[PDB]
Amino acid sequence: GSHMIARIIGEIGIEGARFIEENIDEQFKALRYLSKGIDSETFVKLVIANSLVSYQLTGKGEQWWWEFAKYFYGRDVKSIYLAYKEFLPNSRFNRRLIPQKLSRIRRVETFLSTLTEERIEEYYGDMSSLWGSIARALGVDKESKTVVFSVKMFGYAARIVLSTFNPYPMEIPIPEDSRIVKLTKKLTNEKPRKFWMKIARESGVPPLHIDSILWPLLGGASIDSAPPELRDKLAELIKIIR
C-alpha cells in the first residue's frame, strides 16, 4: 500500500528522519565517535572514502562503520590511500575485493584533497554537486553501488562537523542494498528506486531521508528512544516493514 506508506512517512517527516539519524542510527553514532578523535576535514574525507568501499563486506554495515570509527580514532592519517592499504587487509569486516576497493580510493584522492572546511560547507549546501564530483572522480555512473551512499554518509559527517542540518535533495534516489531490496520485494513487484521515489514525492520526504528512517529499523533498532508522538508513528511503520 504505497499510499499508506507515504502517509506514515510523511507524518514522520524530516524531523522524524532527523531524530532517527541523530539518535538511533548506529552509523551516525560511529561517525560522531570518530569526529571526537580526528580533525574535521580528515574525518569527512575518511567518511567518503569508507563509503566508496562499503560493499561486499565481511560483516554488517553497523559493525563495519564501528570498526572504521574505532580504527581511525586518534590516528595520524597522512595518506588516505595508504591508510586503507593498511586497514582493509587487517580488518574484520571488509576483507574481500581489496584491490578493487583500493583502486576506488586512489581515483578519488585528488577530489578528497579539495575538501577544505569551506569546500565541505559548499558541498553540504549543494549535495547534488557533490554527487557528481564523486561520481566523476571515480568515473562511474552516479547511481552505481555506493555512490549515493557516499552522499548520504557525507551528509551525516557534514552535519556533525558544521553543526547544521541541510536536508538531502529529493532527486538523489535511495541506496539499493540488501535490506532495502528485500523489504521492497515484500511490499511490491516494482524496482526499489522507482517505488521509493514515488513514496518520496507523495510524502515530500527525500529518498535518502526515507532510507535513514528504514535502514536502522530494518536492522532491528529499537524505537523506544523516540519521543512519544514520534514513537507512535514509528510503531505504525514497523507494522508495515517488519
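Positions refer to the first chain, counted from 1. Heads up, when I say rigid core I mean the largest set of C-alphas that superpose within 1.5 Å between the two forms. Compared with the form deposited in another entry:
- Here the rigid core is superposed between the two forms, and of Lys198, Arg179, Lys29, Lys60 the C-alpha of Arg179 is the only one to shift by 2 Å or more.
- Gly219 shows a C-alpha shift of 2 Å or greater between the two forms [criterion: core-superposed Cα displacement of 2 Å].
Since we've got the form deposited in one PDB entry here, give me the form deposited in another entry too.
Chain alone follows, minus partners and molecules.
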C-alpha cells in the first residue's frame, strides 16, 4: 500500500470525499439535475442502467453523464431497454459497443423493475447485496468495473432521493482500468488493485469514496470552495499524486 497516501486520505476522510462528491463531482451534478425532471424510481433505474453501459465511451465521463441527464430530463420513460435502444445510436458520447450494451440493459430490465421506493431504501442500507444482485442479473463478476460503479452511482442517486447518507462498503474495491493503471504505475510498482485496496483499509476510507477524491484532484478542478482545513489536506494530496 502507501502510508503516505493512506494517512492523507484518512485525514480527508469519508466527509472530505463526501464534500467533493456533493460539490465538485460533475456526475453528481448531472444526477441532481436529472432527479428534478423525472420520478424518483425511474431516476434510480436509469442511473443503474446508464452505469452498466458507461464504458468505452466516445467521450469523457463528465460529458456523457450530462448528456444522459439532459436527455432523460422531462422524458416519458416506459421500457428502459426501448429508451436506450433509441438513445444510444443518436448520442454523442456513447456510440461504441451499442449491441453489447443494449443486451446488458435487456438482461437487467427485470431486476430494475423491482426498484420501488422501499426496495431502493433497502439496497441503500445494504449496498453489498445490491452489488451482488446486479452482477447476478447480468451473469458477470461483481468486481467488474461497470458493476462496481453502478453501485457508486446508485449511491449518488439514492442519497439525492432519500436525503440520507450511507458510506460505500469498504469491501467494494476499485477494479483495474486504463486510467487507474496509468496513474498507479507512476506512484508504485505494486499491483494497482492490491495497492488501492490496502490504502482504503489503512485509511478507513472505502475505495469508492477514494475514487471520488482522486479524479477531480488529478484533473485540476478547483478545491477553493473546500473549508481551509480540508483544502490544505487536498492540496497536500495533490502534491503527492499529481
